[PDB]
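Take a look at this single chain, the form deposited without this ligand, given in structure tokens.
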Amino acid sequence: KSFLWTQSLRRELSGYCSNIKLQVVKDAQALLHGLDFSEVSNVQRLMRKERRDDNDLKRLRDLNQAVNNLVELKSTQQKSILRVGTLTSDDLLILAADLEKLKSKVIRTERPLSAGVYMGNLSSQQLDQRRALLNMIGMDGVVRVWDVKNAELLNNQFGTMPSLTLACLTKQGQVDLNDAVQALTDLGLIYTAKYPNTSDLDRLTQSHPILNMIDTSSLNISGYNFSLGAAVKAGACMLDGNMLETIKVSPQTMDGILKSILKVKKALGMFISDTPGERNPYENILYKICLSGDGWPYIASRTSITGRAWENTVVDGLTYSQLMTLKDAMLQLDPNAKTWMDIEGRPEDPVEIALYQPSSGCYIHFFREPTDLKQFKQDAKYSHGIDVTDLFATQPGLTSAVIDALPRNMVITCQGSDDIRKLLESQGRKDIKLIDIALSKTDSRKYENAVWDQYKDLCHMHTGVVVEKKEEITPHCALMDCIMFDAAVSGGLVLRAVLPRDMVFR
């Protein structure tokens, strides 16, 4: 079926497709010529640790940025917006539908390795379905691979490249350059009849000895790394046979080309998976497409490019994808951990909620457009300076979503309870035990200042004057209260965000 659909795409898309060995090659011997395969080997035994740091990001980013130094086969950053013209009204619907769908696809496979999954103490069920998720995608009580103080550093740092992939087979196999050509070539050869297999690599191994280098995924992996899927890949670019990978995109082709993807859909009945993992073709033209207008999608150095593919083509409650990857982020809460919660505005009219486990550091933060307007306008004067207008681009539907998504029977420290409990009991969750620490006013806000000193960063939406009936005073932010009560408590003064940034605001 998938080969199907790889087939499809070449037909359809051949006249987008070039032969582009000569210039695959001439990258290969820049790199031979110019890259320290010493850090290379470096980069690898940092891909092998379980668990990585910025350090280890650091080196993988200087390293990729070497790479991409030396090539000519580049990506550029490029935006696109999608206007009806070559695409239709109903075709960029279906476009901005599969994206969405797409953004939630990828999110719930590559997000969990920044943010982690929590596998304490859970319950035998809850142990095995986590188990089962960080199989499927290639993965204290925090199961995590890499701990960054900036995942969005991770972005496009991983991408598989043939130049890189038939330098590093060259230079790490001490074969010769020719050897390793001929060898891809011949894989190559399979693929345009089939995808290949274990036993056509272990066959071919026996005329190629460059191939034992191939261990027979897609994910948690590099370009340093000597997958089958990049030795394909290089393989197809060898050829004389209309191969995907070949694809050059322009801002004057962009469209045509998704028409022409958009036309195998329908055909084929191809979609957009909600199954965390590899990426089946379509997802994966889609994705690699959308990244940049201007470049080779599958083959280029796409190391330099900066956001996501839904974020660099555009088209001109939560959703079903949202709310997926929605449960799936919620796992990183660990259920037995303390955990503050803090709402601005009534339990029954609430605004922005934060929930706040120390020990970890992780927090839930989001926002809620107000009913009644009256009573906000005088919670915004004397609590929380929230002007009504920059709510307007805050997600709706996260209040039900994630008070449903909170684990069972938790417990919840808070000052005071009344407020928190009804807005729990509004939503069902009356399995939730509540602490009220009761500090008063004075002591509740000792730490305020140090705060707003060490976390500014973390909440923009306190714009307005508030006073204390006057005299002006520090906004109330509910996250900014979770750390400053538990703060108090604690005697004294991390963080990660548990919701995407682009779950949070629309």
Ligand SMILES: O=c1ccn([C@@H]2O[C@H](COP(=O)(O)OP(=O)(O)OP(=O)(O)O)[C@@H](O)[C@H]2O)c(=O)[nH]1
The other form holds:
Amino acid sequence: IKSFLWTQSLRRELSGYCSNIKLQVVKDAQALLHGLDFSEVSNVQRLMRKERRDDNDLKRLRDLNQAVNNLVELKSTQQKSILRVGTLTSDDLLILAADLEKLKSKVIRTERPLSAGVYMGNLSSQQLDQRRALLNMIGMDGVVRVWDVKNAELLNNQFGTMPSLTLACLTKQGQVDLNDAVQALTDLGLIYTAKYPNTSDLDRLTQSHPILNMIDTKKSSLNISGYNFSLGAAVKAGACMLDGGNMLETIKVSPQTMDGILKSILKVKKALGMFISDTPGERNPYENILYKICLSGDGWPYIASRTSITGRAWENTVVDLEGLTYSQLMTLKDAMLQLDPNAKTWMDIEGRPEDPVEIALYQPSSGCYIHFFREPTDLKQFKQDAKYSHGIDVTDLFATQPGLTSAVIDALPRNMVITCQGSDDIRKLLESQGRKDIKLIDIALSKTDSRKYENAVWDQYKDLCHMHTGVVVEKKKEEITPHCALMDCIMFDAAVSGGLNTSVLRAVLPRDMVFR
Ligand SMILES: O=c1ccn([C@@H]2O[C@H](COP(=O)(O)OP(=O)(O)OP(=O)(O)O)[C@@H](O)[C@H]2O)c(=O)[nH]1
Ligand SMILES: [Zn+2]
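Moving on from the form deposited without this ligand, please list the structure of the form solved in complex with this ligand.
To see the whole picture, the full complex is given below, headed by that same chain.
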């Protein structure tokens, strides 16, 4: 296979950074066997069998992770890394910039729908099939979601496999002696020196080593945990049982060696034409090593406990030197799948329709919202708007992502029906953007009725917009509350429905995309 060729070439080029870690991995497995509550491993295992999990299920997982991370010596530390010209060339850093940007889009498109969700209700045959095809790639009110959680950033890094845990769970849960588990994984590792073990390989191994019957081979790397017995998990643990063999799983990184490692990876990339793919789902060898090494400047990126790490690899490793990309568009198109095209949808803008600076759409029934900004072109008019309506400081918009207006409007589902307050302006912007299919309801609240819930809305949802800093005034002058497209949708809807309800809203766009 192509994939094993990349793996073997990466194994030769990085041989020097590999280490002999069997002793430590077995010591950690021994510390878990003495210290961990395996009924709580079984409890997490039950919770992962559930098609739909909540924050109560996440706490049980996070808490088990922390208890494992306390018992073990192989731990990765929070180590952010800035890459600069030197060991890496100017060209090296540009290639790495592009690859991490592509990987960013790949991982978001794979993981984010597990929590953001994909609408699967009243839709065409064509749409449902495409959506099912995406759901099958990534291991997954008519919205399909696996995690129903308040803070999705708490899923980050809680799902990784660890050889010491796999070894300790195979022993205790499998009911065999540690020696018998190491034997089995050692044998699996041996195969792994020459090929990636297939179901035919496990089947044959399991005849001499019964413990490996716990591995379900028709399973997958996705949507599972460090407590599940994937072939991926065993193959990694088996690769640690070697001491020698140039196994990638054994590599150590420090800030002393991170640049050199990446440089060697880049050598293999150029030689074999490795790439980040644009398909969500399972990672090729390169996508894998890059993701892992970038997660932390200090650790064993393949085999350490990583459950304490906050941040994404593209956040923890950055490149430095002195519209949306295709990768960003793909991300966005996928994010939009959360929308119910049949649901009540509000829209509101700040700025004139020819030059909007804040756009928002809201669907009250599910609670999802689109919110983003735009640099104004006509600065003169923006200053009057700041003073009289939105109090946004033009300098604050500098850190926003451009290109969103065209791309979001372009991807609004067909024949969708949008409610607003003063349809006149939205029509103009929708028309300027190429969407005359979108039908509008104009609601015509009076000024005083439209703002009945203004204070109610800011009280609940203030943390959802920080853009409005300026003192805003109206002539009789009196100080007023600034106008935000988002709060305006929310408050107008509450005004129509005579009441504002208490529950989380769900941001349709990743924040990693509203801002650069
Ligand atoms: O909320 C989430 C997000 C992601 N995941 C799942 O976690 C996976 C992260 O898998 P890892 O990136 O942690 O790779 P790994 O350490 O386990 O090493 P390998 O086994 O891949 O060789 C992702 O592929 C995703 O499907 C969840 O289970 N829940
Ligand atoms: Zn706002």
